[PDB]
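Starting off with a structure, shown below.
Here the complex is missing a single protein chain, while all its other protein chains stay put.
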Amino acid sequence: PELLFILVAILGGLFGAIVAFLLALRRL
Amino acid sequence: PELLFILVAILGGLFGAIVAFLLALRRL
Partner (left out) sequence: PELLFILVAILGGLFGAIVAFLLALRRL
């Protein structure tokens, strides 16, 4: 179950980076 | 503990995208 929780953390970081990009476009 | 794990994973990706953007502005 260790590797699966890593992908969850990796997928969450992938999601957070796109949120940072969408918030930037919201300003632009 | 599960909610905090996915939270800081999203915050890590949210924080990593901003630092990379500031690293990108350093080029140009």
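Remarks
Every chain is named by a letter (A and B) in the order it is written, and numbering of its residues begins at 1.
As a working rule, a contact is a pair of C-beta atoms (placed from the backbone, for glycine too) under 8 Å apart; a residue touches a chain by one contact, two chains touch by 3 or more.
For subunit B, the residues touching the chain absent from view are 1, 4-6, 8-17, 20.
Taking the whole complex into account, subunit A touches the unshown chain at residues 6, 8-18, 20-21.
Note that in this section only the chains that are shown with their structure count from here on.
The geometric centre of subunit A is 8 Å away from that of subunit B, both derived from CA atoms.
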